[PDB]
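Novice: What follows is the residue order along each chain.
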Amino acid sequence: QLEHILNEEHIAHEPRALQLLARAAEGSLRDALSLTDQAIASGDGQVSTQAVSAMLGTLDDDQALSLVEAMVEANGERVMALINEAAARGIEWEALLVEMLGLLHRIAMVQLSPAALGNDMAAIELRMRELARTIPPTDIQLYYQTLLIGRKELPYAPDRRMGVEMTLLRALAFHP
Amino acid sequence: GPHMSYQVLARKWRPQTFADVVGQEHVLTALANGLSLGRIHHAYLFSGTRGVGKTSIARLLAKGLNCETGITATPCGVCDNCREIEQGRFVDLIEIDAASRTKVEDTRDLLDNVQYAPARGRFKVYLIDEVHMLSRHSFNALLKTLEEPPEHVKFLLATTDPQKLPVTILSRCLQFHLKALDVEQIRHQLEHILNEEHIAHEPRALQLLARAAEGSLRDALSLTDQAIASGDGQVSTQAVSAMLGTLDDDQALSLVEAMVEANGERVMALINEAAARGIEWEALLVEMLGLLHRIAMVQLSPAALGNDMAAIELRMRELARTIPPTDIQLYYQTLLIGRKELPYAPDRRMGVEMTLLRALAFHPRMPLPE
Amino acid sequence: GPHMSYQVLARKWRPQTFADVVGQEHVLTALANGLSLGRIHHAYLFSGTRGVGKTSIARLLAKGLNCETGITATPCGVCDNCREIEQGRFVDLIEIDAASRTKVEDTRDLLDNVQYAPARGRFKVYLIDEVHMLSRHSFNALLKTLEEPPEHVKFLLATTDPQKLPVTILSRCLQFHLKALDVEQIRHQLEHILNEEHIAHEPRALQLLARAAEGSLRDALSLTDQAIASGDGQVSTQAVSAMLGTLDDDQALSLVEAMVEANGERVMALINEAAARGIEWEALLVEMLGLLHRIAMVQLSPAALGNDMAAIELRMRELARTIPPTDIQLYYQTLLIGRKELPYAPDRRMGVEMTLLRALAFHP
Amino acid sequence: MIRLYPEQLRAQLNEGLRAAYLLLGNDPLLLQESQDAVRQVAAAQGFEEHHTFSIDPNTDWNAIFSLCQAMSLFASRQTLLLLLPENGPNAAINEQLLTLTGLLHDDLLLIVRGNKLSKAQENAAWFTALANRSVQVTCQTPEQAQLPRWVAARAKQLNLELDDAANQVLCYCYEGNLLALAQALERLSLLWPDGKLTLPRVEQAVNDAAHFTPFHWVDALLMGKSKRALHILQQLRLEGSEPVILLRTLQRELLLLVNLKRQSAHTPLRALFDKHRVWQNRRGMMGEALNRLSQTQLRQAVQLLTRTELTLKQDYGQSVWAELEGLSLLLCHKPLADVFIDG
Amino acid sequence: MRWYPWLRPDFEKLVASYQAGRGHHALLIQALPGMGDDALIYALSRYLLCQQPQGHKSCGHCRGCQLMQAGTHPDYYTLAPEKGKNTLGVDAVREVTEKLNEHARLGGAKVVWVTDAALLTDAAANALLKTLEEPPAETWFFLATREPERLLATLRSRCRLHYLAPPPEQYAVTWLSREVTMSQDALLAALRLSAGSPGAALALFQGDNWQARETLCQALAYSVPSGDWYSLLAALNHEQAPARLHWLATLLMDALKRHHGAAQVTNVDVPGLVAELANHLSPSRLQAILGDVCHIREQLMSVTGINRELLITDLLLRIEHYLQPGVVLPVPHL
Amino acid sequence: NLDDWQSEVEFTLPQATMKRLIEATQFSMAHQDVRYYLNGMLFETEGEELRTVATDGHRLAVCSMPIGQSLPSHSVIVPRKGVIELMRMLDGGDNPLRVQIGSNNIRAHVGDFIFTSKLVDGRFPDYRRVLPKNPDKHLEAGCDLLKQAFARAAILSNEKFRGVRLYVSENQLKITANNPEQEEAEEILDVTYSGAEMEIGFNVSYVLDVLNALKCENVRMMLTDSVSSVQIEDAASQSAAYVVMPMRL
RNA sequence: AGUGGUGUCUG
DNA sequence: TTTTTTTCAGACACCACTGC
Ligand SMILES: Nc1ncnc2c1ncn2[C@@H]1O[C@H](COP(=O)(O)OP(=O)(O)O)[C@@H](O)[C@H]1O
Ligand SMILES: Nc1ncnc2c1ncn2[C@@H]1O[C@H](COP(=O)(O)OP(=O)(O)O)[C@@H](O)[C@H]1O
Ligand code: BEF
Ligand code: BEF
Ligand SMILES: [Mg+2]
Ligand SMILES: [Mg+2]
Ligand SMILES: [Zn+2]
Ligand SMILES: [Zn+2]
Ligand SMILES: [Zn+2]
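Chains as they are written, first to last, in the authors' numbering: chain B, 186 to 361; chain C, -2 to 367; chain D, -2 to 361; chain A, 1 to 343; chain E, 1 to 334; chain G, 118 to 366.
It is possible that part of the hints are untrue.
Unchecked claim - With a cut-off of at most 20 Å between alpha-carbon atoms, the simulated EDC-like pairs for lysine to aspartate or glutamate come out as follows:
| id | chain 1 | residue 1 | chain 2 | residue 2 |
| --- | --- | --- | --- | --- |
| 1 | C | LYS176 | B | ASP245 |
| 2 | E | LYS85 | A | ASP315 |
| 3 | C | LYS161 | B | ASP247 |
| 4 | D | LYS9 | E | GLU134 |
| 5 | C | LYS100 | D | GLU102 |
| 6 | G | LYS277 | C | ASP103 |
| 7 | C | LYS176 | B | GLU279 |
| 8 | A | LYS119 | A | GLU95 |
| 9 | D | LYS100 | C | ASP103 |
To be verified - Which bits of chain E does chain D cover? Going by a derived footprint, with three or more residues having C-beta under 8 Å, they are:
| id | segment |
| --- | --- |
| 10 | 21 to 29 |
| 11 | 133 to 142 |
| 12 | 155 to 166 |
| 13 | 253 to 261 |
| 14 | 285 to 295 |
| 15 | 327 to 334 |
Hints in this document: simulated from the structure, not taken from any laboratory.
In this text, a Cβ means the ideal position worked out from N, Cα and C, and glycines have one as well.
The task is simple: from the sequences and hints, build the whole structure.
Specialist: In structure tokens:
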């Protein structure tokens, strides 16, 4: 529908930008249309893939899942980049740790039984599956314990940013 | 000294054009492009952290819409409409302190008067600030007029947490997220302001102010006003360091080294010196903890160090290369536990002293003699 | 002749003008320079621990701002405005107990009246105290008026827990951090108060009160009034040491020594003796922590033992020669955890006994 | 009175109409259809004028008494209806119900609609005075083991062909949701006038509406069905159920399980069941559960349940539903990790 | 409101402070439950609100004291938790503070008494600030607390603190023997269970809770040899759970004391059970069990609405798990 | 019951006198204000004069009436509820009114019955400093003439903050109102005046209440500058004065 | 508009 | 057979009945 709307609006569009917008819509067509008008705003009457992706990254709030993906993968530079993103957004750090804890707990519950994925998280199903199928339960246990300890010691840190960064550094250093 | 110059930098330096903003470029570029092409969406939401230009940019947009000339992305100043908007009390720019109009009867009263034509300008720009305070009924009441309002009414919403809004509204309105400001932008803004205020300033003072602002420029301006009040209308390293209650990184790194290199006598000497300067002990622990975390981050990647502490960069590198990560983790944990136990220590001074002594006794490469 | 009656040491001895304030020279000089230079902000947030001066500093700032002389760094008395402000009569100083007016109706109908001109003073000062107890919607209501108040309105917030305020509220203010008062200066203020009030005393009681006030002058005055009631108007060493639990003897060293040797019966016998003495368990534990701290000090650098305890000096030096630093650190951590969890025990004596049970049986 | 299921109501209505009809049960659909049938049959025998009332502490009883005693200028043959409140015939309502039971007449027909009545609590007086010449109609939601044949009967009476697969899919998405289930059958009839429903036809045009109570969750745990219990938990999360109700409902049966497994070393489970006054259908599933990985999950699960309870009852942010997922997975023969159990 | 003898000296030290006008308005009493803080505060209020006080006691003739005896006095404000709730809300504190703006109805002082400062909500405690700080003229405040450090720091900052010392152990035993006649070791153990407060020990003896303590002792006489600690649930689950958890923890403490050869234990009248506790249970296990029992008691006391049955069941099952070999024990932490 | 044997001041005052005295000051009290001393009416006794003062920090109202009986100077603050219910029970002007004010409670013997209330502990501010001390501009108008013009202007007034700009020129007065809808109302009135052009923006409800309190035919307003207060009274007496402090909008 | 009740949702 | 929930504090939202 976005493709048809843009084609009838004589708006130059790139095929990948439409898929990015649709994925970012979360199933609501009006969300896609508002994001599309905004993407035309971020630019000059053309829906370019780079501009749309940059706009989506600016609007992105899915930091904890990406942090868990990069920390489990042991990607230190990506983890630090994601922490920089979460800092620039003015995102609460204890909330970030709680979101990561919940994601790891849900990954473990999915590993125990596939029915643990409800309809509340239909946006992030695939990634969760990818993380549950490919990561042994021992590593998830270790990471959950590390992040729980870090959130326990978060208030007594130079600042919340450094506390979260150090907890993620410990989790990376585990390399289990 | 000067006259009644009470007008504080926080408000006197509120941006008045899109050229006077410190770089919310993802927002400014979109607003300029849309206003140039005319794709003026009927409702959208500036969402960010504190003091990063949500309200200011909203006012600049109102200026851009209501200028006497054609609808332009660069508002003028000779125009009567923009002059009224800048001075406040504009006929059509209806600022709505949403935290004072949370109720649904207030929202209904707002929606009844929507269809009335604008008086002097071309838009009746509703500027709802701190939207997240509206009740659920107020949000649902706004829903229909947010779908399609009259051709002259624009909604400018602004809030700190966009996730407390019902997601229907997040569908109705465009979303622009204003991120926090890097240290360089804040320090350059402080430089420019103090040039225009005829107040002599020093480099390290502005660097420390920009570091302690925490990514928001309103905190930086309040801190700058406090520093100007601390001095005789002058910004200096001594004044800002006394105001912020912190330590120069050289002293903290000297104490951290004396801990690492097992120079306990040096630890005692620097503790006594910091006692002489009248600096908080928990501040000492926090600064050593921050330096240890910076060493650990350097161990992760060389790009961890920021330019603000470039003076000690070399030493950082050395202490990062000398100490393997397990000892850095041990020191950080010991100092963290010491800070956590500091309130229950008999005295804060001896609490920090015993934290350092414990970090020295459990030293793996050079333990205290048994 | 008191207004009706003697109104307590803490209430009578509030700083009436500048240069009467004890310490806090950071905020004092900053406010003085702001008043003299014309750099006046609309929102000052005086945040700090208890009883170091946050309401008194704010009241002094309110006096200075709208004094009849002008915008003066040092307010006078005698004239109308600063006479009324200290008497709780001045209309333009609106004092809000934010812990009682937490509601949003109250904040909104406070903001309703901000636009009107002040009654007689230049500035319509709003002094909100205990700000952290305002509700979330109350803070968010105050946001846009702290940001852009009228030209005649000044806001003076005071907070004990500045972290509890929203980041936005902290962002719109000058966050003046009221540093706590160290032992020497709080002792000097107590000395000046007791000399001006013609109450005889002893110096040792003075520094006992100073070091037991935890860096808060209101607590020092409260303890001083308690000692005055106890000591029949004299702040004496014996009366303070009996009122404020202190360990004059070396029993804090004896119990530490018995606990170092992992001797159980002796430790329990000495705890029972201390309970018979009516000892203060918090004081006993802080003395143990300080004693282990000095043991660690003399372990690191010899001859660091304070000359004060030269009487028992050798004993601790002996310990410095005997017990490895790791065990001293472990004992310190255990006793400190006991200090932290002492209030949350079925009894104080039971909490101390549990702490010394955890601390007694590491090695055997 | 004549106690009746909805099956024979038509027949009874053809036999004759009594003084009062009491439609009781927890199923909105069964009550609604029974009321519609009763009103249609009454209209067939001249009962033309209708009325409605909600039995509430703020209702105007005087209007009810006036309309029951007095007659109208037209349509003298009249019927009256009352919606009983959620709790039922409150102690302040039984006396006025008795007055209505005195203020009736052969001209009026009374319809009583509401949830099931705790007969053990409320009996006689009003109940027996109606029982003299009245009908009780029990309209309660068929349970999971009974729903498939009900849906098959409904499909047969609506002229649809449901196979076992479509029947079980419909019984899956809609439980305790017989109203939406009937609406789903009606929508499927609208979608295809063929009347032949297969697996994909029902699969496409169906939503996971459902409606469960914590007892369903506890029963699913006792049977050890992972997917069923997790579906129930998700459904009560979306429905907005209070998690503390779930905690108490699980806790009762969990402490019973702990007691039974501890005492089973000296006594067979039959005498333990008799000791604790547990019913036979409960007895079967509890016997099935007691010998399914016990003596480890019964203290580990109590530990996790205590963790959830304290976390729920100290803060206000909740976030206990994932911990309830942990419990749902522990009691269904899927061992967890000590990391999440201890915390 | 009964007068205990040990209040008699301390009363003087307080009432003399209110005779010269030098009394701190906000007097915070630190006293164990039953020690007599309530009676002391009540007597002080009767002295203060009498229009013509005589010496150091209530005159018993003036309008103020006869209204106080009648339970109705407009100048006498009391802050107590609402019936059925163990919490003092912010609304009552706020109402009393607003009523303090008006002058005293009877022309005398204004006396506000908070029954127990520990039950105050955080909001209620904060609303009491700036009124303790600078109360209107002739306003006298009072507070009571089991442990002052549990109160808000700012709340006790503006309060002169008076500590009611429990009487000497021999004198407390003498008073208990004068009150009720039982074995000397029984009174001694009851006293030292109650933190030396004779009032709490006396209340323990008058109530049935001593029989419940004996029930727990019997259930332990079964539980310790066989490792069957779950049974104690029947003897633990009750409205008075914290008291029985405290008794269990004190039995464990006595066992640990006997392991180290301590001269004096708490349960002096129960030597056989503490001997069984010491012999069968390892000191490390004893310490872990004591720590967990105390932690569960504190959780049960602090968090409101908690389920006693879940807490006690988990505690007993965890203890039974700890008794088995090959398992780790809890480590106290910061 | 009556333990207030001694009273600070005593009045045997006609009912109509105190009816006017309260009615001329009641509307300026503060309702549930944080300044607890302003949530009431100050009765002040000096010479043979009794004065009621009420302010909320945005408007002051003072009304003085002679008694004839010499009384000591005294001040008292009667709360909002007490004074309102005393006003309600103050009917039947035939019977005199007895007033008995002590240091902590107030009593009013009306007709045959007795009324009791408590006092506000705070000390009322000095209203003499609120009154402008150098009124250089004096203007006169008709009470009803001025009031109807203000009402017509208030018709199209900001419903939230009812505020009008009053301009004074030579023998001419101007009242301008606007609402957020830009609906402008403008009323011009003929007055007698001698001074300089001046604009001042103040609330409308307060001025209308002031005019309604002065049931007179000639009204004198005294003004100093655009920022200070305005003192309104009648030209036939000086027993009732009102102070309206403007808005800075 | 003042007063009182119901009820729902946020920490 | 029934069997189902902690809490203190605060913010809205709707609907009598009163009172002009
Ligand atoms: N992008 C920016 N450029 C320049 N100044 C800024 C910027 N953002 C914030 N400020 C400073 O902060 C003050 C208030 O900013 P404001 O726009 O109110 O932030 P908010 O988004 O929180 O309302 C301004 O007066 C200005 O000095
Ligand atoms: N800086 C100070 N200088 C002098 N006295 C002080 C100071 N700080 C506190 N005090 C004493 O403490 C009493 C209470 O001070 P206050 O300013 O109310 O503390 P708070 O910040 O906690 O409200 C004062 O009456 C004064 O005696
Ligand atoms: F509007 Be901002 F958060 F100061
Ligand atoms: F106001 Be203070 F912190 F006692
Ligand atoms: Mg803003
Ligand atoms: Mg204060
Ligand atoms: Zn313009
Ligand atoms: Zn002065
Ligand atoms: Zn008396």
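Novice: Hint numbers the structure violates, sorted upward?
Specialist: As far as the earlier hints go, not one is violated by this structure.
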